[PDB]
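J.: In case you want the letters, here they are:
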Amino acid sequence: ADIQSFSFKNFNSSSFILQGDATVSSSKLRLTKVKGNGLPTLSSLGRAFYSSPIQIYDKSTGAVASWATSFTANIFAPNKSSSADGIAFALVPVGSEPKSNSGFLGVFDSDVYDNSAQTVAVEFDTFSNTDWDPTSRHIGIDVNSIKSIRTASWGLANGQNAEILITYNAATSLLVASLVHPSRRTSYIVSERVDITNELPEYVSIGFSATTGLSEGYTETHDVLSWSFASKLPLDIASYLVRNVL
Amino acid sequence: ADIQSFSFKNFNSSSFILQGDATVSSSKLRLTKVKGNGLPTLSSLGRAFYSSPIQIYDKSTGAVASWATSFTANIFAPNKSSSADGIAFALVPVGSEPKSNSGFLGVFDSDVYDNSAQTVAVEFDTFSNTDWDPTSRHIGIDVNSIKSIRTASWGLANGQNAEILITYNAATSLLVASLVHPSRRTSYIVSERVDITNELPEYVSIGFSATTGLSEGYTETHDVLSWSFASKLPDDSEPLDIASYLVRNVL
Ligand SMILES: *[C@@H]1O[C@H](CO)[C@@H](O[C@@H]2O[C@H](CO)[C@@H](O)[C@H](O)[C@H]2NC(C)=O)[C@H](O[C@@H]2O[C@@H](C)[C@@H](O)[C@@H](O)[C@@H]2O)[C@H]1NC(C)=O
Ligand SMILES: [Ca+2]
Ligand SMILES: [Ca+2]
Ligand SMILES: [Mn+2]
Ligand SMILES: [Mn+2]
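These protein sequence lines map, in sequence, to chains B and A.
When the letters of the first sequence are read in order and numbered with the authors' numbering, they come out as residues 1 to 234, 242 to 253.
When the letters of the second sequence are read in order and numbered with the authors' numbering, they come out as residues 1 to 237, 240 to 253.
It should be emphasised that the hints constitute simulated quantities derived from the structure, not laboratory data.
Incorrect hints may appear among the rest.
Below are the DSBU-like pairs computed for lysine-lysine, each with C-alpha atoms no more than 35 Å apart in a straight line [said to hold, decoys possible]:
#: 1; chain 1: B; residue 1: 59; chain 2: A; residue 2: 33
#: 2; chain 1: B; residue 1: 9; chain 2: B; residue 2: 99
#: 3; chain 1: A; residue 1: 28; chain 2: B; residue 2: 35
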């Protein structure tokens, strides 16, 4: 079993591929732009990936990796009811370039399943796009489309840290994502099956993508404060969290 | 604190950078070239590095990382008394290109301290260069020069696995390297402090470098069968739990 893991208590490391408006400052990863006064911008799109590709599975041995990632994000919308568009943790093709903005979170182009996109993402959607989204803000699992194959309601604690945990169990093909707002004591979780070897390439770049609205006040910040990741290609979370995120 | 680790029970992944004659076959890392019949070549030079850079220290916070690496190597010299030149575990500048061959193991150019080399290595020297080496085969700690700052005698169990453990304790600035030949039940060790922040860049590539002789039958194989590495970089200016490490990763 090949194992690998990284843990960043803070950023500002040559370990990231920054695209769009993504930037590092105050040792935190700011995916979308924030003006001098500290307020969010419109039409922003930023992505950040770990500089080295991760092998998700091995075509020749049929082996499929199990992995887990955790990060703390902070989303602040000056006008809560105007929050848009969200942040997503994504697994994309290695040289991948940004996709459509706003509602597509920079990782997808349509709400129609397109295997050629070779992209899977867990989204934290703050703006309800009526053509495809649920009524409220939500956590969703996106498989080669912006229309989640499964979602769960999420109560956004504006400007409050969100502690996220995403795991993939190759044995059950189950992808689980949970979000906790320690300040409001709330927690959410979503789980669905994903046939990984069929939706993604053998090697992918893991990272984040975020965007803001295009109309006057539909914007918010999208900051990541810490990030851990562990992969095992042929996972004991109990020791993972302790020796990596806690 | 930032942490990084990996463990390879066999090679195959494209998480390795190969230079010179370095190659992967039979799921093992072969640093120096071998002929169809399985015999070593002359004037061979091969290097292999983890594709991702490791941060050894943080200039702005004064923090210095503690790390450990373990790997199993197998060195086979058709003619034992003709064994040359050796294999080295090295920390080099990220885009680093191979250096001098043969006695310099592909990581150094002279036996004169040159800080600009920005390279540290732990060598497993099978051939004695009278110009700077000790009389017998040895393990040595090289700091920006091929002339080790400290060495220890090593009894080469030809063609037998060598289990190596190298650790760096930022608290004591001590670098320790040990080698064990389980089949012959022998073991060796060396230690010396190294002011890491002064000999290397903030980010380095870790890996292996090996070479063979230029003269006659002075050659041998340089194969790596497995490799683990773990690093821990604090938030401010503490050793590492080698036990937990060694269990869930090597033993
Ligand atoms: C947060 O965003 C809301 C939706 O954009 C704002 O309400 C909207 O304000 C517009 C002027 O900026 C106005 O044309 C819309 O009719 C109105 N829409 C709704 C559904 O209320 C809201 O702005 C404040 O409240 C409105 C009603 C006006 O009084 C504005 O002058 C105010 O800025 C925003 N809320 C806050 C607390 O800023
Ligand atoms: Ca949306
Ligand atoms: Ca020598
Ligand atoms: Mn959605
Ligand atoms: Mn020597």
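J.: Hint by hint, say whether it matches the structure.
T.: A quick look at each hint next to the structure:
Restraint check: the Cα-Cα separation between residue 59/B and residue 33/A comes to about 28 Å, which is no more than 35 Å; the hinted pair holds. Proposed proximity of residue 9/B and residue 99/B is supported: the alpha carbons are some 29 Å apart, at most 35 Å. Simply put, residue 28/A and residue 35/B have alpha-carbon atoms about 52 Å apart, too far for the 35 Å limit, and the pair is violated.
In terms of the numbered hints stated before, the structure departs from hint 3 and from no other.
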